[PDB]
Amino acid sequence: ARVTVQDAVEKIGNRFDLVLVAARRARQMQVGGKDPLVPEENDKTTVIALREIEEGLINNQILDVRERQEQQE
Amino acid sequence: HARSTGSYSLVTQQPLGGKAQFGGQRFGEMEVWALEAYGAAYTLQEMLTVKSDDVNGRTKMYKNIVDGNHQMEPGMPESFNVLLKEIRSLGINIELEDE
Amino acid sequence: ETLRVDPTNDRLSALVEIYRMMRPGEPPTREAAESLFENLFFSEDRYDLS
Amino acid sequence: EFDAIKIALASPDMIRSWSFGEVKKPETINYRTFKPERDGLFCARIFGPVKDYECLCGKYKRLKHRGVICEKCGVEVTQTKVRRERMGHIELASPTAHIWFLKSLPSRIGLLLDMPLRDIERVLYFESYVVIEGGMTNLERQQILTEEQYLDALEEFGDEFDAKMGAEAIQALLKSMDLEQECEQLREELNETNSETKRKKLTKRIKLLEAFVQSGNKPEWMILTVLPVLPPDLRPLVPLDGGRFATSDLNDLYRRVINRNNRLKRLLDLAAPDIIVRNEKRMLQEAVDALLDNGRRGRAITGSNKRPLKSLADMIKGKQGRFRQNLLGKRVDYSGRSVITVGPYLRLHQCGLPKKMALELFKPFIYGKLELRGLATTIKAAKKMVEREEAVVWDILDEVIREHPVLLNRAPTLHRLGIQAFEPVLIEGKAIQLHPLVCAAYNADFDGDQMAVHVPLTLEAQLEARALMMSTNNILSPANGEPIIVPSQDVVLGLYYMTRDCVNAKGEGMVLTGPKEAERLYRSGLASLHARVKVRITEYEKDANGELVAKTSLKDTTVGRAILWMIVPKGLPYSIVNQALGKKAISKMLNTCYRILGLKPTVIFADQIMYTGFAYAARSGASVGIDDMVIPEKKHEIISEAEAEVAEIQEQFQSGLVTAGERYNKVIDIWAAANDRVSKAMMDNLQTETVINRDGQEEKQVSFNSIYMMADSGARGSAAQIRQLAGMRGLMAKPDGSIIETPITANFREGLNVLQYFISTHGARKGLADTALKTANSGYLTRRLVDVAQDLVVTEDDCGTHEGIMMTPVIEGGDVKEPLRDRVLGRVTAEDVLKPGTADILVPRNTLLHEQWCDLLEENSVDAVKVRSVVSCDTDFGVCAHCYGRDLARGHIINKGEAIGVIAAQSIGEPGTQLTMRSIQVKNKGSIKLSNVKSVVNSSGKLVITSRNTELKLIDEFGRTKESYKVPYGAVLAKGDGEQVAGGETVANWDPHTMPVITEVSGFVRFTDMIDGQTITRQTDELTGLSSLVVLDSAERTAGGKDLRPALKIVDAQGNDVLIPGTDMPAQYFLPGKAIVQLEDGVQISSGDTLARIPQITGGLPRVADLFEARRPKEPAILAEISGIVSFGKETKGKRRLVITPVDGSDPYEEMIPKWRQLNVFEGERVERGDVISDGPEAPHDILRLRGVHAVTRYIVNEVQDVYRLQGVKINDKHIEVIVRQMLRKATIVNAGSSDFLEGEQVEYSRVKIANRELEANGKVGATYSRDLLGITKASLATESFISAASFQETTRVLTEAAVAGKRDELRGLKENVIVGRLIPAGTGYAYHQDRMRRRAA
Amino acid sequence: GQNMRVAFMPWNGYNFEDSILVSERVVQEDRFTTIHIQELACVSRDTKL
Amino acid sequence: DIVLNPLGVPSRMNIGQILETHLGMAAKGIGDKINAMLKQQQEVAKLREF
Amino acid sequence: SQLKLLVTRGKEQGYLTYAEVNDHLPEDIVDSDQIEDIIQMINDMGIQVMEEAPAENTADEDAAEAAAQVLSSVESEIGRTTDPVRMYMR
Ligand SMILES: [Mg+2]
Ligand SMILES: [Zn+2]
Ligand SMILES: [Zn+2]
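Protein chains in written order, with the authors' numbering: chain S, 2 to 74; chain V, 1244 to 1342; chain D, 349 to 398; chain U, 16 to 933, 949 to 1126, 1134 to 1375; chain Z, 797 to 845; chain F, 1095 to 1144; chain B, 7 to 60, 68 to 103.
Each hint should be verified, as a subset may be incorrect.
[Said to hold, decoys possible] As a list, the in silico SDA-like pairs of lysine to any residue whose alpha-carbon atoms are at most 20 Å apart: (1) V/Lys1328 <-> U/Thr757; (2) S/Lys12 <-> U/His104; (3) V/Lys1262 <-> U/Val354; (4) U/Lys118 <-> B/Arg103; (5) V/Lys1262 <-> Z/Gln834; (6) V/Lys1262 <-> U/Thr757; (7) U/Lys384 <-> S/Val4; (8) U/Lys1263 <-> B/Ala72; (9) F/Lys1122 <-> Z/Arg827; (10) U/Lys334 <-> B/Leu84; (11) U/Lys1311 <-> B/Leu84; (12) U/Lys215 <-> B/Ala76; (13) U/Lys650 <-> U/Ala779; (14) U/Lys395 <-> V/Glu1338; (15) U/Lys615 <-> S/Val4.
Since the hints were derived computationally from the structure, they do not count as laboratory data.
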C-alpha cells in the first residue's frame, strides 16, 4: 500500500490540492487509458498516481501542458 | 449487518432502516461535522446524494461501478425536491434561479 | 386578613364565584351553583376517598 | 445548473401557472376498483398516470404512444413518477387570509396596515365592519363599525359608504393601498417630528414600506384566493396487507377544505340567510388555516384518534421536519455495523474486516471484476457465482480489497478522530478487529461496543480517505499538538517491567558488547531482565545540518533497557530508555521521536513499542491476588484513637462547652486526619521492599507488588483506588450534599457490613444519574458553538497586519502554572523579539515559532512575545494563515480551505463530559518589583500603599517574574523595590478589615464641618473613653449637617490650612459615613497618618456555557466610564451620584451608584477609564467598551481556561479565540461621517470596515463605530441565508420574514451546501467554489 | 453458566481492554453452545388477480 | 480454559471475583481428591472420613 | 398591570409556574382557548410554563414588543372569542 503521503504533500504544497491532482491523474489512468510513468507494482491507480506525484513526475502544470499538447495534435 | 443496495422508502426514497429491511447506517450531524473538520468534501457529497436519496444518481453510480469507472454524477437530493414542493404548496414561491 | 380581603359576604355570592372559576361565562343560578358545589365533593358518585 | 434560491409571495396567477388542473371533489379512489376518481385528490388526468406508459381506460398501453391524451379519460401516457411533481389548485369561494402572514407576532398584515391585530381579527371573523375608502362623507378609512352602527350610519347616507366585512374587506384594504405615497407622507412627517418614540415609529414604518416596495410583491397577495394542492405521491394512500390502507393526514385536511368550499358555493346559490353564509365562511377560514398550520390559533384538529393532524407547516418545522432530520442525517448504502475485537497483530493503517461483511459491501466491484476477467459471461452469471460463493470469488475479492480504504466510525462522534480510514484485512468470523493504539481516539473498549463501516466509491473519495482521514496521518490531537497514539495500559505495564532494575539479580556486573548480547543472555536464561550491567551503546545525533554523527560509549544500564534500545530509531538519545519508563515517559519518547525524526519513523516506532510491550507483559506473568492488598498493621490503632477523640469531643459537647456546629467540624477534621494517616501508612508499607543483597546486607528498593506496579506505572488505577482496597473506604456524603461525620472504616479486602453498603449505594446511583446530564449538556454547547462558528475558513495567506496579543506566562499568586512555551509555540510573531539586552532582533518577524525558536527564547529567558491572533485579523470574510498559526494536527502552518471553526467547536466541546461542576509571603527568592505603586515614607521609614492598582512581583535574578501579588491599598511594605527577600519573608502586612485613611504630611487637623451631634457623634470609646467621632450619613446626621460634608483638612502649626502636599488644593480628606475618627478633634498628626479607619464564581460546564453566552454578572463591578476627578452631588435620591470631571474635558459623567454598594474611591480622587470604583464580578461588555478588543479576548480565554486547567484538560488557546472572533463581529455606528450609514444602527464589522477603507482611498472620511459583544446564540441568529437559518432556527419565522422581503439565497456557507447536496466550500471543494465565483464575475 | 478454569494474566494483548481469551477445548466440549428456535410464516392471501 | 486481564480489577474495585476464584480453586481441589479415591476403588470408610 | 406583574417575575427568574400565571391572570373570565391564546402570547417573549418550579433566549425584540402590545390588549378586552361554535351560539 502506502502508509503515508507526506512526501507527495511536500511536493504539491497543499493537501487538498494533492487530493485533486491525484484524482485527475488516476481518472486519466483508469478510464481515459494511459500508461503509468512509474512501474505498476500491483498497485491501484490511486496509489500509482500518488507515487508518481511523489517523484515530481506529475503536477497540475505538467498534466495541463501534456493535455494542451494532446488537444493541439 | 452489511448492505450494498436494497429496498427504499416510498415518500423519502432513502435506504430503508434495520436488518430485516436490510437497512443502512444512519449518518448524522456529528459525522457530517467530522467530515467537514477534514476537507473530505467528495466523501460528504457522495454520502448525502449518491448513497442515500439521489434517485437517478444512484443507479448511474451502480452502472459505473460495474463498468470499472469510479465516478459519480451527483445531482440533487430528493429531500430537497420534497422540501420545495411542500413550501410551494403553501403560498410561498421558492424557485431555483438560473445560472 | 383573609376575611378582610374576602370578596364575599353571603353563601350565594361565594357559590357564584366558584361557578365562574370552574366554568366561567355561564349564567350563575342559585340552584345550579348549589348543585355544582354539592356534587364537586360530598357526593358518593363523583368523589371517593378510599 | 442553478446558482441561487429566490423566495417570494405567490400571486394567484402564479399558483394557477403551477397547477395542471383543479380538484373539485373530496373523492380519493373507488372502493372496489381501487382506481383514481375523476376530479378528486388522487385524480390521474390532473396528477398523471398511476402506471408507467399506460392510460387509465387501458386503450394506450405501449410506450410507442408516449405523449398523447386518451380521449376516453384524458390521462396523458407518460412515466408514473411525474405523479410526484405535478400540483393542482382549488378555487376558493371566498378569499381567505394566510395564517403565517396574519398570526406571526409582528403580524405583517397588521404592520403593513398599521392596524392592531384585534381589529383585523374582528373584521376577519365577521364581528364588525370596516371602512374602505369612505370618501367625502365624514368617514375615516380603517374605521371599525359595529353591525348596529353600520345599520344606523347606512341611514341618511345614500352614498355607497364603502363598508365591508370578512377577508374580502382586508383584501380591499390591502389592494386600495399605495406604498409610494405612504413613503412620501412618512418622509414629510419625519421632516418635522423630532420626537424619540414618534420618529422611531416613522422610521420603522418607512423602512418596512421601502422593503416591501423593493421586494416586488403586492400586499393583496397575503390573502389567499387560490389554494395549491400537493402532488399525490407525497401524500400517498398506500395499500397494506389484509386490505388495510395507510394515508397521510394531509388528505383529511384537503377533504375538509374541499367539502366546506363546495358547501359554501352551493349555499351561495340558494340565497340562504346571511347567518348561514357567515358561519360557512368562518368554517372555510378555519379549515384552510388548519391545512396550512394546524393548531396555531385554534385549539387543534384531530382525526380518528385524539392526536392532532399533521399539517403542511408541521412537515418542514420541528426536530423531525425536512429542514432538519433528512438533509444531513439520512440512511446510507454501502455500510454496515458489527462488534469490535482487538487484533493485536495489526499495523496502524490496517483493520480486520469479516470476509462475509466484505462480500456484501463490495458486491458491484466483484461483479465488475468478474465480468472483466471472463469468469462470468454476464452480470446474472456473476450474481449466481457470488451467491454460490465459488472459490474464484474469494480471490477476486482479495484483489478488489487490496488498496481500498474503509471508514470506521464509533457512536458518539465527539471529534473528527471518531471517523478514520483503514486498509481492510479479510478475516474469518463476524467481528471487526481494531488496532489497540487507535482505541483512545475512539474512546472505545472491547466489552460489547460496535462500530459502523462505510466504503468510499469515487476516486476522489478514496484519495481523501487515503490522504486526509488515514489513521497514520492523524497521530496528533487537533486540540493540542500532543500525540494521541500513546500506549495505554498493558503495553505500559510490559515496558515498565522490562526497563526496571533490582538490587541483586543474575548476571549483575557483567559487561556486554551491545544490545544483541544482552538479548542473547536473557533468552538463554543466563541473565535477568533487571540486572545492572555495563553495555557498549552507539547513539546517533543530528548535531549538524542533518548528519547523524555516531558516538559509542560504555553506558551503565540494565539488560531490559539495552534490549528495548533495539527498537529505538537512530536520531534519538539513549537517556530516553535509560529510566523506569512509566506511562508519561513513553508519551514523551514518542513526542521526541515525532519532533526530531518525522512521521514515518514515529509510526514504525509506535508499532514496535506496542509489540514489545505486549510480548514482555505476557512474559512477566503479572497477576492480581488477595495477598497483594496489604492492610496496614496499625489501622485499628488509628481508628481506636480517632474514636476516642470523637467520644471526648462528644462528651464535652454534651456538657455544653462547644456548639454543635463547631463540634461537627471538629469531628470532620479528626476523621480526615485519621484517613490521611491510614493512607500514608498503607502507601509506605506497600511501595517498598527489602532485598538481600550483593554482599549480605539489608537494602530497600521499590516494591514489585503487583498492585503497586500497576499503580506506579500508570497502567491502570491510582493511589485513590488502592486506598479503598487496602486502607479505608473513607468519608462519604449525603443526598443533601452534607458529609456524614462517621466514615466507612472498612475496605474491600475486608467486607462492608450492610449499613456501610447501604450508605455507599447513594453515591453510586447519584454518579450514574449525573454522567447522563453531563453528556446531554456537553452536546448542547457543541451544537451551539458549531452553529456560531461553522463558516469560518482560512481564505488567505497573509493579511499583512502588524497587531496581535501579548503573550506572557500566566501566574496565579504563587508559582507559574503555564510557561511561555506552551502559550507561544506554533504562533507567528507580530513584532521583532528584541534580545533582553535591547541589542538586536532575536526573531525578525512573521516567523512561525516552532520548537527550536522556543528553545532559543528559553535560552534568552524572555517572557513577553507579541503574536498574531485570529481575533485581530484584517481579512474580510475569513482568516489568513499567518494570523491563525499552525495546524496542531499536522504540525505545519495551516492550509487555505480549512474549516477552523468546526475544529475549534469540536475541540472545545469534546472534553466536556470530564468537567465536574465543583498577607504576602514571598515563597521563593528574588528582587521584589512593584507596579502602579504610589507611597510616602512612614514613621519608621517603611513604605505606605497609596495606589488602588499597586502590584508586587518577585522578579527573579534573570528578571523573569515568578510570583505576582496584588498589593492591598492602605498597607505598608517592610522591603522595597530592589530589596532581595527570602522564604516566609512577609514583605508587608495590613488590617484584614477596615480600609485605613492616610494623609501625606505631618500636621494638625481641623474637624471642619465635622460637628458632633450635627454631622458626627461623640462615640468616644465607652470603656477606654478614647475619642471616637463617627461620621453620620445623611439620615444618620442632622438635616442641617446632612447637606454639610464632613471634612478633615490638614492644618499647619502656623494656624494656616495645609494644602495637599505637592498640590495647591488644601489637604482636605472628606471622610464618608461610618468613618472611624479615633483621632481627637483638631489634633496634629504625622505624614500619611491614619486620619481615620472606615469600617470593612460557579465552575464546570455551566461556567463555560455562560461565559460564551456573554451573561452579565449579578453584582457587576463598576468601572471608570471616563478618566478624571471623582466627586458626588444629589445623594439620597435612591442612588448616590458620582462625577469624574475630566481634567480639561467637560461632561463630568453622572451615575446612579446603588447606595448599598461599597465604593473604593475617596470622594476626592483621580481615575482612568477602566478602573474599579465598586468591586465584584467584571462584565465582559464593560471590558470591551472601556478597554479594547484585545482586553476582552484575554479575559475570556483566561476565564474559560481556568475551568479546563483545574480539571487537567489541555486545549489550545487558538480554539477559544476563533469563537471570540465570532462573538464580536457586529459594530454599532457612532457618527455617520461621510459614509452611507445611520448613526444608531448595527452593521457587520467586516462591512463597515471595508466601506470606509474604500471611502478613505477616495476623498472622504470614515465612519466611527463602537464594537459589540454578543453571545454564541444571538451571533448565530444573525446569518444572511434563509436556508441555513431555517435549519437551526424557527422555520416558520424564517420563511415568512424572507418571503415578504423577497430575499434571495446564494449558496456559500457549509450548512446550505449540505442541504442542497453540493460540495461544501471548505476543504477539497474550496477550489470548485472559487472557479464558480470566477466564472460568475465573468 | 459454566465453571471455567481461569488465570489472571495479560497474555500477548488478546485481552487488552476487556477482551477474553478462550481455549478450543471450551469450544470442543460444547460448554457455551445454545439452542435457538425461530418460527417463520408463509401466508397465502387472495389478491385481486 | 480462559485467560482474564488483571488490570481490570484495580480500577473497578470488584475484588469479589478474586475471592470467588480462590474459593472455586479450593472447592475443585476437594472435588479432585474424591475423584482419585473413587478411581482407586477405595472403601466407603475412607470416603466417609474425608 | 396584572399581566405586567406576571411578566415582572417571568423575566426576573427567566421562568414561572402554571399556578402563579393562572393566579396573576386577569380575573377576565377566559373560555380555556383564550387562556391557551395568552399562554403562547407570553411564550412569544419566551417563558417556561413548567407545571412545576425549574434553555437559552433566542427571541427577536420585534416579536417581543408585538407580544407585549397584544398582551396589553388582552386586559382591555371584554369578550374576545376565537371559537366558531361559540360565536355561532351567540
Ligand atoms: Mg464499552
Ligand atoms: Zn383512456
Ligand atoms: Zn490576518
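Tested hints:
no.: 1; hint: V/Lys1328 <-> U/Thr757; in the structure: 69 Å, violated
no.: 2; hint: S/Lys12 <-> U/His104; in the structure: 62 Å, violated
no.: 3; hint: V/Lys1262 <-> U/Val354; in the structure: 15 Å, holds
no.: 4; hint: U/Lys118 <-> B/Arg103; in the structure: 25 Å, violated
no.: 5; hint: V/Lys1262 <-> Z/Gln834; in the structure: 16 Å, holds
no.: 6; hint: V/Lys1262 <-> U/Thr757; in the structure: 55 Å, violated
no.: 7; hint: U/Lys384 <-> S/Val4; in the structure: 25 Å, violated
no.: 8; hint: U/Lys1263 <-> B/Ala72; in the structure: 18 Å, holds
no.: 9; hint: F/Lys1122 <-> Z/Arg827; in the structure: 18 Å, holds
no.: 10; hint: U/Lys334 <-> B/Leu84; in the structure: 29 Å, violated
no.: 11; hint: U/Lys1311 <-> B/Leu84; in the structure: 25 Å, violated
no.: 12; hint: U/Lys215 <-> B/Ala76; in the structure: 17 Å, holds
no.: 13; hint: U/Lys650 <-> U/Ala779; in the structure: 26 Å, violated
no.: 14; hint: U/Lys395 <-> V/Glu1338; in the structure: 43 Å, violated
no.: 15; hint: U/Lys615 <-> S/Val4; in the structure: 8 Å, holds
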